[PDB]
Every structure is written in structure tokens, then in C-alpha cells.
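Engineer: Take a look at the letters that make up each chain.
There are 6 protein chains.
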Amino acid sequence: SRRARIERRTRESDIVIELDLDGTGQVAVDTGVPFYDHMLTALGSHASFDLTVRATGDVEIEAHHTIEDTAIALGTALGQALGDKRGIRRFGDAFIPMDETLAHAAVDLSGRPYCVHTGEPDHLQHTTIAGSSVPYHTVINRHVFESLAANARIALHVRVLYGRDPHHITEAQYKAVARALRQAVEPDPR
Amino acid sequence: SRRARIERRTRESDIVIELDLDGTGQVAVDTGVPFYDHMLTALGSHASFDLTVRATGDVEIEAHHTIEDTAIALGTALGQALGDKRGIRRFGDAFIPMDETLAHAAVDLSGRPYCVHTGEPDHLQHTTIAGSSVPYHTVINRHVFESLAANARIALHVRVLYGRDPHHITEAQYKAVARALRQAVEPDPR
Amino acid sequence: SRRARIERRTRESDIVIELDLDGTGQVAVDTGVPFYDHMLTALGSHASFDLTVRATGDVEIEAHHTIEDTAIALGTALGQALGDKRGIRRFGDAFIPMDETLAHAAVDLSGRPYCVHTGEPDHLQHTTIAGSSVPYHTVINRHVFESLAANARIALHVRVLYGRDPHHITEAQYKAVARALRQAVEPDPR
Amino acid sequence: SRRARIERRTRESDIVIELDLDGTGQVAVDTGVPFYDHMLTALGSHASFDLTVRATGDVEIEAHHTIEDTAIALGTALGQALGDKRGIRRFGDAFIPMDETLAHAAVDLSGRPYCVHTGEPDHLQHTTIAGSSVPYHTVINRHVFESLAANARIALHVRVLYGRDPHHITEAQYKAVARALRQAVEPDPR
Amino acid sequence: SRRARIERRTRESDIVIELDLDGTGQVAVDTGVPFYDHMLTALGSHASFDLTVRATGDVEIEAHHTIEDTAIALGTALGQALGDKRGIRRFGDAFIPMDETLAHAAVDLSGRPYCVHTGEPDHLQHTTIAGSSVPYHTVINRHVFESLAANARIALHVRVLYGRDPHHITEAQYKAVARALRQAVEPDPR
Amino acid sequence: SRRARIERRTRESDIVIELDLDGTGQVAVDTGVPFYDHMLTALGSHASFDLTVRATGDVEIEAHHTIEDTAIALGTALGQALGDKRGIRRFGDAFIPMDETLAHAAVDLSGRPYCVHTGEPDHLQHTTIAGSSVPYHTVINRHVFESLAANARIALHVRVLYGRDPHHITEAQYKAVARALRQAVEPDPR
Ligand SMILES: NCCSc1ncn[nH]1
Ligand SMILES: NCCSc1ncn[nH]1
Ligand SMILES: NCCSc1ncn[nH]1
Ligand SMILES: NCCSc1ncn[nH]1
Ligand SMILES: NCCSc1ncn[nH]1
Ligand SMILES: NCCSc1ncn[nH]1
Ligand SMILES: [Cl-]
Ligand SMILES: [Cl-]
Ligand SMILES: [Cl-]
Ligand SMILES: [Cl-]
Ligand SMILES: [Cl-]
Ligand SMILES: [Cl-]
Ligand SMILES: [Cl-]
Ligand SMILES: [Cl-]
Ligand SMILES: [Mn+2]
Ligand SMILES: [Mn+2]
Ligand SMILES: [Mn+2]
Ligand SMILES: [Mn+2]
Ligand SMILES: [Mn+2]
Ligand SMILES: [Mn+2]
Ligand SMILES: [Mn+2]
Ligand SMILES: [Mn+2]
Ligand SMILES: [Mn+2]
Ligand SMILES: [Mn+2]
Ligand SMILES: [Mn+2]
Ligand SMILES: [Mn+2]
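Residue numbers (PDB author numbering), protein chains in the order written: chain X, 10 to 199; chain F, 10 to 199; chain S, 10 to 199; chain P, 10 to 199; chain C, 10 to 199; chain W, 10 to 199.
There's no promise every hint is true.
Identical chains blur together in the list; that is why a pair holds if it fits in one copy or across any two.
Unchecked claim - Under the rule of at most 25 Å between Cα atoms (straight-line distance), these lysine to any residue pairs were calculated in the SDA-like manner: (1) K94 <-> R18; (2) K94 <-> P198; (3) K94 <-> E109; (4) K94 <-> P130; (5) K94 <-> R17; (6) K94 <-> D108.
Calculated from the structure, these hints are not laboratory results.
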């Protein structure tokens, strides 16, 4: 009913997305960027989407092309699956407490791309989240939200009210976007 | 069930309001102030009210007396139609993204008039929205929210978190108020 | 189903709490601190809890030990009654207008204690609310929210956006927490 | 070869665009907003496009819906007519002196919507250009550039280095965008 | 006609460059520093050079010696291939929009080495671009432009007007230099 | 075709100008002010004009009357030789790197005299360039650009982005103006 399959093959990367808006949080994400997988898994889950994301890309350069291409493909999928947008809440918002962090997100499935990203502390624009694999530069948080909004053709406002930990700040943001989308895509009983 | 018809005849103007709180967004507004009609139409619509507004007034002087008298009559109608306020959510709030603008509104159908209007950029206190008809001075936004709160006997808090375009800032505010009212007037299942 | 009875006997005080999360606002509070009773009654009521609170303590010293011990016992009760936390909204938030005051609260029933208390004007850290009985020092607002979060094992973020009256600022906060809890403990249909 | 016809009918307005990128400046614009017609005529002309723009809309409210809808339809047309974007310069830029004003524009026909609008003096965010017809609020300059970039799927950077007259500042900007587009859409001999 | 082959063997590294100024963007770069390869590939491509770069070096220490030695060898090649500099445009410049970033570059193939690097945000002087291989410290951007200018014996001015993402800021700069070189090396018809 | 001969005899000086816009840089300048000759030679050359300038004047007072009268006569010549201005690019601009200096110039052969001169460091308004002959006060740079624009009836914007050496700052400016004129006077193929 509200499903979309997107394939996006560039010189930089290969993306397959399968998205059902009316899911139960059945989510599997594999981008080669494990922190990004964790964020996109928290997004799909907290949005009660069924989401499959399979991505390979030029992670020898860094995560950027794969992160952006995935966010672009995911946006296209959200847009396609929404279709005519008949009888939906359309507007949604969500606060996400995560220990010391508070994030907020607000959406208008308007058909008019716009992203406003505010309140993220300045140290996130050169912070790295690094494990045993390909690292995640938090400077990309904004890039992900803008790419998502641009390609889904929605108004997305993402706010950090406050926070310290870059992992908490990033996850709370992805989760805020997720629960804001969840409210907005729900059928409107009126 | 939750309907009210208000007639308000002053030396300055003539207002007829018909309001059903349990509507499907069937809205018709004619004040002689076309931007005001657009705002009151977005309010009635986004609140899922059925709303009729018919107003004539001294627009040769300017929109002010007609805008205020309409907002006063509309408040009286909201108050009357709410009646005893038994079993309603009572509290409501809504974020409205509109491109670069973010507006918020929060209501307590408390029975105690109060309006707090914050965050509206200072250029709105001398900005004009002008077409081929009677213009709308955005300095009146506040006046409209105060008149509404005063005559509905509710607590209304309207916030501009940020924004640039005076049309976006004004509409987002009217829409925020609308969706906050919509949540608050809904039957409370508990 | 989601009920808990907590008894907490210290050298300082004696607390009995009976809490049903799936209540209809049937609330009775008696701490010997009448303003505190009013706040805990507004919390239980606005959360649609059924809540009984019976507390006696060393109010000859002042309200502090009784207020804290009650908040601790209440948290333990909220935590116990929540149990496994299966199928709940988990996240909740609420704006509370109260005349000139606007308060906000956001919860994650995460299982990870955290409290962030922001925006409360500085005069509240030495303000007294005094009647014909034991007075309430508003400096304790924070202490109550921290004790609640610590013992329920939840993330609680409480914000005063603005306000002047210490009674309005305090009640709006307790009410915000209540409606945020109410949303978060509701069954999640997905 | 590089032509597109766009029809955009909303509740607010009706737009017909016919655009040839390989034109000789044969341009006719009729929006009901005469200053906007002058700007879109200078854009089509200075870009050496052949451009027809026919628009009717709710100018009784003000120019905004008609201006935005036209800019949206024009962007869609630019995007469609560009097609595969094979063998074009792709990047373009232009300085426009206009008496005391200096404007600049830079484009990447990247396929990735982005607009950056900088240097416009603050008085333009509440300035009106008014004649015998429907007026033009210069606050809309930005809205036009963003809508254009969003719907053509291009990177558009528009800069006011300096200027005083709102007519000079606005026209120089439209002309800068035009000559930047003209360079970028030219066949690349390599 | 305008070709050069440079071999540069130091204790630190081994470089082979083959450069044709009159190319069609046939570019292959392998330095062991994959982000650097991406930047030098965007430079060769956007300059319509045919460029081969093969480099091995002490990347166990870090990318610096290999990045610098390559930039030095590339400069020597640009200088040699330019020869007498008869009948060329000599001056070139280019703006590069890249999402939020705007970069500019201006060249005088003067025969007089000079580099001015301005506007790069301060976080780039300790930012890392890290993938699955050898990382790239953006502090080296300047070093690359200076080495290039020093060894090609040209005036190179590289400017960041604004930008946030370190990947966008760096690539836009390399691309600006490329398109500025492309204009300047073109035959001058006069 | 695009040639002009101007004679200007005042009490202060005698000027003969012969100007061909479609030249090959065949330039001869003799004003009695050798630095001025060098600047006007770089202007004629870099503009691909054929230019003859012969001037005698009251250099016992200082260079000013001769410099201004020459700039006036040169402007008259540029204006006359341009004639109807049919089928020309009309707009032109050029960046000039000169070691540490960056200058820019932008022209609109609009028929409407205007000069904006910005960014020149303050020490140039009392700096002297002195050899074995009549010296050149750099305070006259502005006077030359204004006289040129006034008498050619063009919009001339001259900018120093930065620089230190007064010889580099002055020459880069004259060269910027020259290459901006060269682009603008070229036949427009469309
Ligand atoms: N995928 C290539 C165009 S977008 C980009 N962002 C960073 N580098 N390239
Ligand atoms: N272990 C999951 C809940 S706590 C957390 N901190 C960072 N991410 N998640
Ligand atoms: N009388 C109850 C509503 S108004 C109020 N002010 C302080 N507490 N309540
Ligand atoms: N065309 C309606 C959606 S966009 C808008 N801008 C101003 N009002 N509405
Ligand atoms: N008359 C056209 C050239 S001058 C101008 N000022 C404002 N617009 N155009
Ligand atoms: N020798 C000519 C190129 S370098 C220079 N410095 C000052 N004028 N020219
Ligand atoms: Cl989680
Ligand atoms: Cl709408
Ligand atoms: Cl109450
Ligand atoms: Cl908020
Ligand atoms: Cl014109
Ligand atoms: Cl590219
Ligand atoms: Cl030279
Ligand atoms: Cl510039
Ligand atoms: Mn990118
Ligand atoms: Mn995590
Ligand atoms: Mn009034
Ligand atoms: Mn509107
Ligand atoms: Mn204590
Ligand atoms: Mn009270
Ligand atoms: Mn708009
Ligand atoms: Mn004009
Ligand atoms: Mn070095
Ligand atoms: Mn890249
Ligand atoms: Mn003079
Ligand atoms: Mn010189």
C-alpha cells in the first residue's frame, strides 16, 4: 500500500532501499559505515517503518559519498511511498531525551523541500565517532537531514536544545526525525 | 452538539460566525481583508472546524477594526461551542514548519484568558502584506491572538522559534494555533 | 495489571504509595506539606493515574526530608508498576500554559536515570510558598524531579520556557511531567 | 532540442511556462505582478533563453503564492529542458554592476538542490516596490532563488557585494542568476 | 604538444606524473591516500587535463610527505608542459558552488611563484577525513596549493567565501583551482 | 570599425588618443608621467586594444591635471568607439592576481556613468611611486577610474580584495579594468 523500492547506482556507490511506512520496525541496514547503520536502524525502528538498506561505496575515501547517497535514496523512497499524501496527519514532531541531550524534530510533508538544522554544539563540526571499522564524522548529521528533506520533498526542522556527548546528540536527532515522521505519516481520522 | 452562531454588530463592523468544533474543515471566510481570510481559512481548516465567517467593516480606515471584531466574535464562538468543557484533552500544542519558519502554539482551555506572543521578528511590527485589495499589517498578529484568547477565555501561547518571510511567519502562527486547538478540543478517552 | 504499593520507612519519615498507571485520576495525597499535596495531586490527576500518597515526617525541621522521601517512594512505584515496559509509547512530552508561565517536560522510560531541569527563574531558588501550615521552598522543585527520575529509572527533562509567578511556574512543571508520563505509559498500538 | 512546457495548476494559481535554453532572448512574461514580470523578463533575456510565462493567482491576498508557484514551475522547466546535462559547461558565474549595486551569482547544474543567498541589506526584508498594480515585497527575492534551485535541482549561490537601491539590488540579482545560467548551459567544446 | 612526464624519487616517496594540458579529462591517480586521489582526480578532470599520477611513500608516518611530493612533482609538470606560455589566456578564475560551500580560485601563469590561501574555516586546520585507508588532514590543503604554485612558477589565489563541510570545502577548492587553470591554459584567440 | 581619435586641449594639458577596440595590444603611451604610462600601457595591452596616448601638461604642479585629462579623453574615446553597442557581451569582469595582491573589476557598458572603488588599503591615499621623473600619487587611482567611467558612460566597479605593495595594488587594478573591458566589448555570438 505505502511501499517503495529504490535502486541508486552512482560511480561512488550502490544503494538498495525497501521501505514500508506501515511497518512494525522490521529494519536491516548495511552501509559499510557501522555508526550510520545504527542511526538508520534507530530511524527505521522508531518510525515503525519496515526498512531494508543495502549500500556499498568508496569508504576508502571516507563515509561521506555512501552516507549522502543512502540519505538521497532513502528520501526518494519516503517521497514515493507517501504518494498522493491523502488523509495523513501531515505534520509531526517529537522530543527525544537521551541522558543529558534533548533533541527535537518537526515535519511538514508539504511537498516543498526545506531543512533547518539548529542548536548542534560547534565541536560536532569536527568530531569523529570511530570504532574498529569506517568512522562517522558528525559534521555529516546536517548533510543527512538536508539530503533526506531534499529528496522526500518535505519540510524537516531538526533542533538540539542542549547536549554534550556526540553519540547522544546524533542518535537523539535521528530518533527525533523518526518519531516526527511516524506521527506525520499516520492516517488522520478526520 | 459543539456548535455556536455569533452575530456582532458595532458602529465599525458586522460579523456573523458559525462554528462547529467537530467539523471536517468545511470553511468559508469573507472579511474584505483577503490575507486575513487566508489566515482564518487556514485556522478553521487545520483545526478540522466547520467555520463560516462573514464580516464587513470600515476598511477605508484600514483592516484593524474588522480584524479585531472578527477575532473577538470568533473567540466568543469558540468559548460558547466548548460549553462545560467536559471530557476534552483541554491541553494542546503544535509545531508548524513552513520553509525557513518554525512556529509553536500551546493552549489550556482553562476558562482563564491569557495570551503570550513571543519570538516574532521586530520587522513584523511595521511590515505590510499588500495585494490588489485591503492590506494586512502583521503588527495585528498579536492583536488577533490576544482578542481570540480574551473572548474564548483560554490560555494561548504563540511562539516564533525563527523565520524570515512575514507570510510564512504569520501563516505558521495561525496554523500552530489551529492544530493546538484541534488537539485540545478532541474528546479525552479517559 | 500496572499497579505498585511502596512502603518507605526512614528515621526521617514514613511513606505509603499506591499507584495504578491505568487510572481515571482518582488521587488522594497527604504529606503534611499542603502545597506539595496540591502538586502531587495535580501530577496524579493530569497523568490519569489512580494515586494514593500518605506521608508523615520531620516537618518541624522543614518539608525537605518528607518531600524527597515521597518523591523517592513515588519513583520506585512508577518503576515497579511499569515492569517490563513492553508495547508502551515510551517517549512522551507536554507543554503546560499557566497564565504567563509556559513549562515543558519530555520523558524517555529508557531504564537509565537522568534529569535535566532548565529555565526556572533564579528567584525560585530562595522563594517560599507559605500558608497556614508547613511551607514549600521552590528550591526543592529540582530535587523532586531528580529523585523521581533517579528512582523510576527514566530520563526526565523539565523546562520553564518563561514565567513570573512561583506558584504558576511550579504547578505548570508538575503538570508537564504528569502529561508527559501519561503519553509515554500509554499502550503503543504498533 | 532543449525545450520544456510546464503547466502547474494549484488552488492558489495557474502557471504555463515554455522555455528554450538555446534562445535569442525572445521573452514574454505576464504574472499579474508587473515588477516580477520585469525581473523574469530580465532573467529570460540575459540568459539568452526564449521564455514565455503566463500566470494568474490570488493577488488579492498578495503576490507571494503567484511569485513562488511561477518560480517553482520555472525551475521544473529549467530541470526538464537540461535533461541528461551531457557536454555542458555545467558551472557558470556572473558579476552584475547596476549603478551603486554589485551582485554575483554562481551555479553548479549538479542535480543537487541548494541555494545560498547572502549580502542583501536588511531593509530589503521589509521593503515594498509599489506601482499602479500589485506590489512586490523584496523579502521574496530569497524565496524565488530557493524555489528555482529546489525545482531545477541545481546549486545556486546569489550574493549582494553591496548596494543601496532595492530596485537595483533586486534586478542585479535576477540578472546575475541569468548570466550565470547562460554560461553554465552553453555546450562545453571539450 | 603541451605534455610533460616528471619522475621524483626522494627517500620519502616515488612519484610519476604524465600530464597533457590539451586533454579530455582522461585521469588516473593512485597515491595510497584515497581522499587525495579523489581531489587530484577532480583537479585533472575539471581542468580537462589528461593526467596520470602514480605515487608511493611513507604513509606509515602519515600522508604528508606523499601529498607534498606529489603536489611538487605535479607543479614541475604543469610548468614544463606550459613551456614558453605563448598565446595563452594566462589569467583564469572559477567559482565552485558545492551545496553550502562557495570556493574561488584565480591564476596568473606569470612565471613568478605566489600562493594566497584565505577564508578556510579554522576547524579545517585540525580536521581529519578518514576512511578504511590512510587518512587526509585538511591542514594540508594550503600546503598542496603552495607546493603547486611554487613548482609550476604561477600566482595561485585560493579563497573559501564560506562553507561548513570539510569534504565540500576541500573539493570545491581543488575544483576551483582546476577550472581557473583550464581557462588560463586555453589558447588566446588574439 | 570600432576606432576613435580624441583631441583634448585645456589650459592645463594637450591629449591625443587613438583607440581601436579590436586591436592586438599595439600600445604606445607618453604622458610625461612614466608610472601612468606603464599603467595605461598595461590597460591597452591587457584589453587587446590598439592604443596611442600622447599627453603634455603642467607636471611642474604635479601629475594630477595630466592624469585626469588623459583618463577623461580616454573615456570619451572608449565611448565613441563603442558607438551603438549592438551585439556585444556588454558585461565583463576579471580577477588579477599579482603576487600578494588580488584585484577585481566588473563593467556594464550600460550608457550610465557610475564608478564604485572599494578595498584599496588606506596607506594608498598618501603613498607616492617615485622614480627619476614626475612621480605618481596612488590617491589618483580612484580619480582615474571615476573619470574613465564618467566619460565612457559605463558602470565600472573596481575592488582590491587584498594586497600590500602599492605598485602591485595599482597595476592589478588597471589590469582588472582592462580584462573586464576586453570581455565586455567582445562580439556576443547570440
Ligand atoms: N557524489 C558526488 C556529488 S556530492 C559530494 N559530496 C562530497 N563529495 N561529493
Ligand atoms: N545502550 C543503548 C542505550 S544508551 C546509549 N548511549 C549511546 N547510545 N545508546
Ligand atoms: N484555581 C485554579 C486555576 S488558577 C491557579 N493559580 C494557581 N494555581 N491555580
Ligand atoms: N502555496 C501554498 C504552500 S507555500 C506558501 N507560502 C506562503 N503561503 N503558502
Ligand atoms: N532604464 C533601465 C536602466 S536603469 C534601471 N534602474 C532600475 N531599473 N533599471
Ligand atoms: N616585471 C614585471 C612582472 S612583476 C611586477 N612587479 C611590479 N610590476 N611588475
Ligand atoms: Cl533505543
Ligand atoms: Cl496548507
Ligand atoms: Cl487543573
Ligand atoms: Cl521548544
Ligand atoms: Cl537591461
Ligand atoms: Cl564532480
Ligand atoms: Cl604583464
Ligand atoms: Cl568575490
Ligand atoms: Mn556531499
Ligand atoms: Mn547508540
Ligand atoms: Mn484594537
Ligand atoms: Mn499562504
Ligand atoms: Mn535532599
Ligand atoms: Mn494551584
Ligand atoms: Mn512560500
Ligand atoms: Mn528596472
Ligand atoms: Mn611539508
Ligand atoms: Mn567528493
Ligand atoms: Mn581632479
Ligand atoms: Mn609594474
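Engineer: Failing hints, ascending?
Structural biologist: 4
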